[PDB]
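Protein chains: 2
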Amino acid sequence: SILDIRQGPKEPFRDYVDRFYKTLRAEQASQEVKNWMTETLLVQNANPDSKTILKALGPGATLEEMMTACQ
Amino acid sequence: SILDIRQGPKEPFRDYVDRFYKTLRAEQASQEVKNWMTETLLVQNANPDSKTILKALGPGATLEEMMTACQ
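Those protein sequence lines, which keep their order, are chains D and G.
Okay, so the first sequence: first residue is 149 according to full-length UniProt numbering, each after it adds one.
Okay, so the second sequence: first residue is 149 according to full-length UniProt numbering, each after it adds one.
No lab work stands behind these hints, which were simulated from the structure alone.
A hint or two may mislead.
One copy or two, either will do: identical chains are not told apart, so a pair holds if it fits within one copy or between any two.
[Said to hold, decoys possible] Mimicking DSSO-like on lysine-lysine, the simulated pairs with C-alpha atoms at most 30 Å apart in a straight line are:
1) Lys158 x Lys182
2) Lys158 x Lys170
3) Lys199 x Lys170
Construct the complete structure from the given sequences, taking the supplied hints into account.
Here it is in structure tokens:
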């Protein structure tokens with residue numbers, strides 16, 4: 149379900165996120181996965197604007213820096 | 149290191165894979181991650197030929213079916 153969770157185009161970054169995790173609460177993902185997923189895919193599965201941005205923000209970003217960056 | 153592990157273009161699928169995991173042996177990823185990563189990214193981080201194929205093969209694929217498909 150998650151790899152197919154790719155970011156809707158007129159979608160605020162927040163919502164893309166709110167989906168993303170509610171998804172993962174479906175697949176009972178460990179906290180250990182929940183992090184790993186963040187640093188990797190949440191990025192690649194986003195819309196070219198916010199992906200370029202999140203590529204640049206770099207890994208190591210807390211989710212706040214990530215959302216902050218994507219307003 | 150891994151999100152940046154994207155599939156070299158004249159690269160046999162096997163090698164893209166051999167990198168992928170040797171990477172992950174770097175970041176000591178749980179077996180739990182090692183799987184999750186497979187179903188998600190190893191796909192998206194591949195070259196349009198083998199990505200189309202792996203998108204179609206579907207999740208649930210054992211790595212053999214995946215390599216098999218990508219010869």
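For each hint, the structure was consulted:
Within a single copy, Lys158 and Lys182 get their C-alpha atoms as close as 25 Å, which meets the 30 Å cut-off; across copies the closest is 33 Å, which misses it. Proximity of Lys158 to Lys170 under the C-alpha cut-off of 30 Å is restricted to the intra-copy arrangement: shortest distance 20 Å within a copy versus 38 Å between copies. For a Cα distance limit of 30 Å, the shortest separation of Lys199 from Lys170 qualifies both inside one copy, at 20 Å, and across copies, at 26 Å.
Consistency with the previously given hints is maintained throughout, with no hint failing.
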